[PDB]
Amino acid sequence: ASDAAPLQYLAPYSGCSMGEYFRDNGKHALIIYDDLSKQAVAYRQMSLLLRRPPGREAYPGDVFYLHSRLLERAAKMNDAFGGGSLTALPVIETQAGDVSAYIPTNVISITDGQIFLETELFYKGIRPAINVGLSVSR
Amino acid sequence: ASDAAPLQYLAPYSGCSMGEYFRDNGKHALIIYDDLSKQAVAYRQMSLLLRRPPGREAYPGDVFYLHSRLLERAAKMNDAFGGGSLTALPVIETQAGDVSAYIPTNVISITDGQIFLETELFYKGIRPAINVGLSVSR
Amino acid sequence: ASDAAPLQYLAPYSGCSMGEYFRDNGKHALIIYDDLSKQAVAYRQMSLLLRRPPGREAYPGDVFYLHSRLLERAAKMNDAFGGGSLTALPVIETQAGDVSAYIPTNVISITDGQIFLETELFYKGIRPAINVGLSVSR
Amino acid sequence: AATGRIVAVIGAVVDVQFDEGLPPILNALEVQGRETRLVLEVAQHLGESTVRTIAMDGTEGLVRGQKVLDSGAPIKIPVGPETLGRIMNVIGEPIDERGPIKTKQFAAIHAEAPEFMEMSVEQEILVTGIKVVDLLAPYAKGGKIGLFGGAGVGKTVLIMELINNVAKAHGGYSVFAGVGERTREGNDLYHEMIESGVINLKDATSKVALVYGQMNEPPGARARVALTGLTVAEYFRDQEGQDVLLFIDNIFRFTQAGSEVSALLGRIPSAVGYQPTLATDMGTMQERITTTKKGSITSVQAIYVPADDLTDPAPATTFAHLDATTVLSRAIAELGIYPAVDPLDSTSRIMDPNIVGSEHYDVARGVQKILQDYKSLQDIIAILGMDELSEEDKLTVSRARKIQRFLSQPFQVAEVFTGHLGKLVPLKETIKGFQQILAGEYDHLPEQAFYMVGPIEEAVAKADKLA
Amino acid sequence: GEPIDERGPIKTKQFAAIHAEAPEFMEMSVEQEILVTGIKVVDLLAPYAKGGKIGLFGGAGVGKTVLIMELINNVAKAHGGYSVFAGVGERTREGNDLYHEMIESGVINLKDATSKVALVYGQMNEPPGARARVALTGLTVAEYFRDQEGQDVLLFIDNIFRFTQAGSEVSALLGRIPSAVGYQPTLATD
Amino acid sequence: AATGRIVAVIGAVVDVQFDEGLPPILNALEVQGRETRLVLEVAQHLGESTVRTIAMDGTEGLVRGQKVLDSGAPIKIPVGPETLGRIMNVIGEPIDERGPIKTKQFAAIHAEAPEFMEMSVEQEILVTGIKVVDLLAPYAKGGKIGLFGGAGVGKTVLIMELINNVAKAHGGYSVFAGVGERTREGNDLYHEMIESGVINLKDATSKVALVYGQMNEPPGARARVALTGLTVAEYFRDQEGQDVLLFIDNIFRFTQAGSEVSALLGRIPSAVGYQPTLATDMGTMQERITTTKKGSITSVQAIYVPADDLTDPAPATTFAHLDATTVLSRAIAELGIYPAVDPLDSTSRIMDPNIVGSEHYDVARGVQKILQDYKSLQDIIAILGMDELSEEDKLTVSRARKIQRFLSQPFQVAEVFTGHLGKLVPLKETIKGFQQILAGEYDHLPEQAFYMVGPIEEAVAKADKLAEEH
Amino acid sequence: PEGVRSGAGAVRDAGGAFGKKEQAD
Amino acid sequence: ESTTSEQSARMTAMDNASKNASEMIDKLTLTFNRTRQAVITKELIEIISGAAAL
Ligand SMILES: Nc1ncnc2c1ncn2[C@@H]1O[C@H](COP(=O)(O)OP(=O)(O)O)[C@@H](O)[C@H]1O
Ligand SMILES: Nc1ncnc2c1ncn2[C@@H]1O[C@H](COP(=O)(O)OP(=O)(O)O)[C@@H](O)[C@H]1O
Ligand SMILES: [Mg+2]
Ligand SMILES: [Mg+2]
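If you read the sequences in order, they're chains A, B, C, F, E, D, J and G. Take the first sequence: its position 16, counted from the start at 1, is 294 in PDB author numbering, and no numbers get skipped. Take the second sequence: its position 31, counted from the start at 1, is 309 in PDB author numbering, and no numbers get skipped. Take the third sequence: its position 72, counted from the start at 1, is 350 in PDB author numbering, and no numbers get skipped. Take the fourth sequence: its position 345, counted from the start at 1, is 444 in PDB author numbering, and no numbers get skipped. Take the fifth sequence: its position 1, counted from the start at 1, is 191 in PDB author numbering, and no numbers get skipped. Take the sixth sequence: its position 120, counted from the start at 1, is 219 in PDB author numbering, and no numbers get skipped. Take the seventh sequence: its position 13, counted from the start at 1, is 42 in PDB author numbering, and no numbers get skipped. Take the eighth sequence: its position 32, counted from the start at 1, is 275 in PDB author numbering, and no numbers get skipped.
Keep in mind the hints are simulated off the structure, nothing from the lab. A portion of the hints provided could be inaccurate.
[To be verified] Pairs of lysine-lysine, DSBU-like flavour, derived with a Cα cap of 35 Å:
id, chain 1, residue 1, chain 2, residue 2
1, D, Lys393, F, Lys493
2, A, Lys316, D, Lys393
3, C, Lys354, D, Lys267
4, D, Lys201, D, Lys393
5, B, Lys402, G, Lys262
Could you put together the complete structure from these sequences and hints?
As structure tokens, this is what we get:
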């Protein structure tokens with residue numbers, strides 16, 4: 279949090295480029311992005327200071343294009359290219375369990391499933407607090 | 279729909295003038311505007327590209343005048359002026375039967391009566407589906 | 279209501295300055311500001327015509343500082359300065375009993391207590407309509 | 100006096116450049132080379148010998164370079180005792196095809212409000228013949244009255260009923276101003292005033308003057324008609340000692356028309372698209388309609404609420420300029436109660452024991468308490484039902500439902516499309532009828548007998564027929 | 191319009207632009223008819239209209255792709271028409287799965303001239319300007335079969351909502367004041 | 100060594116033009132010709148030899164063309180052991196009328212945060228004497244603490260009781276900073292700390308230093324007092340190997356003060372009318388309050404929640420910077436239970452079976468489970484009456500109601516309000532009292548015996564007196 | 030998931046008639 | 244004799260109550276949706292207005 283915004287905006291791509299090395303050499307990898315929302319906030323600050331037109335909740339117009347590029351680089355390769363892999367597990371935080379905000383709706387439409395966690399199940403003894411009703415993997 | 283917005287904004291007055299031809303020559307006429315809501319939408323599109331301050335539901339503040347001018351040109355002349363007439367029947371669409379919106383309430387304060395058509399009666403079989411309780415003529 | 283906006287903006291300080299005369303000579307005084315909500319509208323009108331950017335509900339960016347420097351001038355002095363005092367009783371009006379609006383929340387957090395009045399108690403024969411379950415005095 | 104040149108035309112805003120003799124603000128200007136008179140009003144001094152004006156008529160056909168002439172004074176209109184029975188417009192030209200108006204003097208539209216030392220503080224009561232108003236929120240003489248309501252709920256029917264009941268017996272004069280409304284209603288009013296006898300076309304015994312600008316006019320005109328009515332209202336108060344009644348229809352259009360030109364003048368919008376100067380220009384206009392130590396003025400105004408919303412900035416700043424309020428509701432009108440007056444949202448300034456008497460005040464407070472109590476049981480009745488209540492709650496529900504019916508009344512101006520007969524109740528009969536219901540003397544009658552009747556005696560007869 | 195399947199150039203004889211205009215008033219049909227698909231429930235309860243638009247409410251796990259391919263087969267057998275598929279904002283993995291699923295069923299043949307469908311793809315990791323023009327590219331291909339050969343065609347669109355979102359981002363990029371609920375002022379004309 | 104001229108005065112933002120040299124950003128300037136001292140701070144370079152500054156006091160009386168001097172360094176304040184028992188300003192000036200502060204050192208209020216290889220990994224419990232905190236959310240030595248709440252729920256009384264319980268039994272020193280609050284309370288605290296002997300006016304054995312900036316000041320001053328407050332504590336942490344305490348009142352005013360000048364600096368607003376630089380500005384300051392390997396700092400911060408909304412962007416981006424949180428609620432306060440701590444919305448990091456043992460952990464989880472189960476039974480009672488419930492549900496409700504009362508406690512600084520003397524409870528009695536109520540050893544007593552008491556031994560002695568007086 | 034989902038204790042949080050009726054009993 | 248009638252009446256009462264609740268929860272949803280759209284439009288206009296005045 280003490281670092282400048284561009285570093286917090288460049289951090290995930292630098293970590294994806296390190297993991298793409300294993301994918302092209304017949305090995306397997308796994309990457310975890312913590313708090314993808316704070317990268318979007320860091321990206322919004324620069325665009326607001328550079329005098330670009332704002333939009334819904336003051337986010338720029340190409341915020342979807344910022345996250346679609348990042349999460350499209352995880353794949354499974356065939357035998358002609360070696361047979362590597364790369365798996366991603368992004369994390370996103372919601373306010374009052376609202377899944378219709380700007381950023382969660384963008385990210386939900388890109389991935390292949392979700393694991394939903396709640397706080398009511400946490401205090402009645404069900405730990406880990408996974409809600410099987412609203413979880414799916416395609 | 280494929281036509282440009284100004285063409286969908288000029289249309290009613292052009293028909294109104296052709297109708298007014300008969301009224302001043304001792305004849306009778308009738309005019310039917312299919313949808314004023316789409317004209318309101320087209321005028322709103324035109325206004326925003328001119329960078330004018332938006333208001334309620336992002337509509338401009340001169341929407342009332344736009345219909346007030348048009349629906350005041352139907353009248354019944356006296357004998358000294360010829361005796362002609364011009365009758366008008368505008369049509370407006372609502373969402374989920376909300377009659378307390380901006381444009382529907384605006385138009386009601388102009389006309390001299392209204393006919394209400396319900397959807398439940400249409401589904402059950404009563405056709406034409408007119409609600410006798412609400413329809414009125416002054 | 280027929281006076282210029284700057285006079286309505288300047289009126290409360292001109293009365294506080296008259297009240298402060300008694301406070302510094304060993305005497306006690308009482309002051310009442312009727313409808314503090316109507317000073318903020320005059321401040322907003324005066325600021326917008328000076329081409330300053332708006333904020334929430336087009337209020338200026340520092341409406342809190344408008345009242346904070348005003349309500350801090352009431353104090354009880356010790357014997358080295360005379361022993362005088364000055365008391366204040368501001369007034370606020372809310373829309374449809376909404377106490378969680380913008381302006382009321384600012385002034386609630388400045389004073390030492392509040393008295394609540396309600397319409398339902400007014401129409402049930404309880405006059406004056408003081409809600410004793412919420413009124414406090416620190 | 101001096102000549103200028105048109106430099107820019109956008110909508111209803113025109114800019115003029117003067118070589119010498121810059122006119123002051125609020126003066127009128129004349130355009131040269133047109134078939135019909137067109138007048139402009141100065142609003143701002145921009146700089147480099149240029150001004151920005153507002154037109155009072157259509158601006159089609161204007162060319163850059165055209166000539167504009169100065170007059171030297173604000174808009175002036177004919178005022179006097181010869182305006183009775185005539186019809187004027189924004190700039191005081193007759194539109195009743197009966198020749199010019201020959202008065203002795205003229206007056207300017209813009210003036211200043213009366214000072215602090217000229218105010219009067221007397222209070223009395225005015226009887227209207229309508230049960231809800233007299234019982235709950237009575238009017239007064241020389242005060243301001245407002246009627247709030249949405250669209251289609253019935254403000255103008257009430258205004259015409261008040262005209263029919265009060266205006267005829269009045270000894271003084273009356274003025275009717277119509278702003279932003281239907282033209283056919285004005286024609287109907289003119290013809291029925293000819294028929295009644297208020298307007299006489301063959302002598303000098305008329306007692307009303309009319310000023311009109313309707314919803315087919317450009318926004319420049321609709322922002323200035325109310326002052327034209329105010330001037331002719333004030334002449335009868337100052338120069339002559341008379342009592343005047345002033346009726347204004349939809350003063351809300353005075354505010355809306357002002358926000359259609361604010362953007363073109365180059366201002367920052369404040370809230371919901373309204374102009375920053377919304378309260379001050381309303382306060383400037385409202386403070387002139389008062390009662391002074393030279394005469395009295397009684398005002399009845401109709402107000403409009405957009406999208407059935409009472410928190411909108413336009414109708415929420417008019418509550419502070421009134422002495423009596425009457426709020427209309429669509430939900431009551433749905434149930435069939437006419438007039439649809441909300442009994443828990445109407446107030447008056449003279450509802451105190453020392454003016455109206457103790458008995459009237461006690462009856463009003465009792466009926467309001469009973470009405471309030473029944474509203475707090477709605478949630479339980481809407482789900483669990485009537486059977487869960489005890490006996491006292493059922494009794495209060497029955498009495499409140501009986502009281503609600505008795506507040507409706509048939510109007511005379513609505514007989515044509517309702518098939519009824521008009522009624523007019525004195526005050527004592529209303530007080531006694533509500534006392535009797537509160538005492539429980541009519542608990543053996545059906546609740547449908549108190550619907551659309553006058554005095555209490557008509558309820559027992561209709562119940563007797565409906566055995 | 192360039193291949194992305196690594197098989198070579200697309201050697202044809204003619205080219206067409208993607209921006210055109212709707213047919214004039216005097217070329218419309220004054221009658222309404224019914225297109226018969228050969229499925230009992232649709233042809234009995236909710237018949238399709240020839241030259242009309244159909245809305246498909248659904249999701250995953252309820253056999254959507256099998257229905258698409260069965261319509262593709264039936265319209266080619268009973269009438270003699272071809273089909274076009276357009277993917278607006280398409281995930282790469284699901285597009286690869288669909289491409290390999292169509293080969294084994296038989297609607298696409300890699301050994302001779304017997305194919306029935308043409309595929310046009312616009313993926314998620316492309317700039318917003320590219321994802322708003324794919325539908326016109328898919329419409330221009332079918333207009334040739336309609337006009338130069340006089341047959342009936344079928345056209346599929348992956349999602350009609352992403353077509354609105356991609357067009358909503360371009361207006362924001364070009365610097366235009368947004369309309370209600372943050373949409374473009376030209377929502378209805380586009 | 101440079102001189103400039105004032106060329107524009109709008110609100111609380113001033114512009115100065117220099118002809119010889121250009122001062123760097125974050126420098127202090129002094130205006131010439133005033134009876135008092137006015138200080139300006141540089142923010143931006145506008146080009147063509149001009150800067151845009153922010154004032155630290157009133158700007159009335161300024162004239163275009165007035166001379167301004169350059170000091171050549173950021174704001175510097177006195178620091179050392181001679182500032183104990185004294186009140187100072189935002190820019191380091193005494194305001195207690197006792198003469199100048201005579202030290203030997205000075206410090207700059209703008210520094211940089213410690214690096215990654217200087218952090219410490221240590222966790223020990225810090226007992227306070229309050230049942231709820233010591234049972235459901237323990238504190239830790241050298242940690243960060245937050246007190247969330249709305250208006251009028253009791254943040255200040257709790258932060259006064261924390262001082263009265265922890266500060267007096269501490270070997271080291273302490274610092275208190277007041278940001279954007281009432282002056283009347285700053286008059287109360289000063290005279291309270293004199294009677295208790297913590298502040299001495301004759302000897303040289305004081306233990307507290309005070310820094311104050313209140314809500315009657317322009318926005319420039321209210322947005323800097325916190326840095327002045329923590330710069331003092333950094334000296335006692337580094338230059339001396341000693342533990343320090345740091346109390347801050349309403350750190351929320353640090354963020355609100357920065358939103359009142361952003362528009363005048365030429366910025367596009369972010370959501371709900373905040374400046375676009377919220378998170379970065381908060382993060383830069385927060386990273387300096389840490390326990391490095393040279394010393395320890397234990398911090399307690401009070402946070403204001405506007406209109407009882409925990410999703411507001413100001414409190415939302417503050418949860419990430421803390422180690423233990425206590426959330427006060429208005430619903431509990433209306434039942435008459437003080438302190439109004441929400442038992443199902445407080446968290447701590449050392450609530451682990453390997454740090455506090457198994458018995459302590461099981462008791463807290465067992466309490467929370469039954470408190471969660473109580474809520475679901477209240478829907479049934481709304482429709483069908485209380486008496487139609489089964490006996491097991493009635494026993495569950497009876498135990499839950501008794502558990503709820505026993506969490507309240509009389510404080511010592513609230514003797515004027517309640518009228519009782521305060522109490523302190525050790526940890527073992529706190530564990531045992533709830534373990535016994537969970538077991539079911541007190542099912543034959545009324546609820547009122549568990550209200551406003553200390554240990555478990557006093558409830559039965561209260562019930563016996565209640566029985567005697569019946 | 031898109032719609033409004035209720036929880037436990039929502040009857041007594043709204044503070045309507047049913048909440049006070051529940052409390053008094 | 245009495246017990247059976249009591250049970251058969253309670254069943255009908257509990258059916259009508261759920262009918263009424265289902266009737267209420269249908270208007271409240273439409274009101275909620277309209278308010279949700281209005282909040283977004285109102286909060287976007289302010290950002291545009293404060294960006295234009297610079
Ligand atoms: N007292 C009344 N009795 C019967 N119908 C009424 C009454 N008042 C209003 N209405 C109904 O309202 C309609 C007229 O509304 P109007 O007075 O024009 O509303 P507004 O004054 O808001 O324009 C009539 O068609 C009539 O059906
Ligand atoms: N034991 C108690 N603990 C805390 N607050 C109490 C207690 N008893 C009564 N109160 C009331 O709680 C209020 C909290 O005041 P204060 O702490 O100033 O509010 P804030 O938390 O907004 O600063 C006091 O006015 C006091 O009357
Ligand atoms: Mg009307
Ligand atoms: Mg406090």
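Quick rundown of the hints versus the structure:
A distance of roughly 77 Å separates the Cα atoms of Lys393/D and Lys493/F; the hinted pair therefore is violated under the 35 Å criterion. Of the pairs offered as hints, the one joining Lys316/A and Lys393/D holds, with about 32 Å between alpha carbons and a cut-off of 35 Å not exceeded. Distance check on the hinted pair: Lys354/C and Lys267/D sit about 31 Å apart at the alpha-carbon level, within 35 Å; holds. For the proposed pair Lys201/D and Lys393/D, the alpha carbon gap of about 27 Å is at most 35 Å, so the pair holds.
Of the supplied pair hints, the one linking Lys402/B and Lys262/G holds, its CA atoms being roughly 20 Å apart against a limit of 35 Å.
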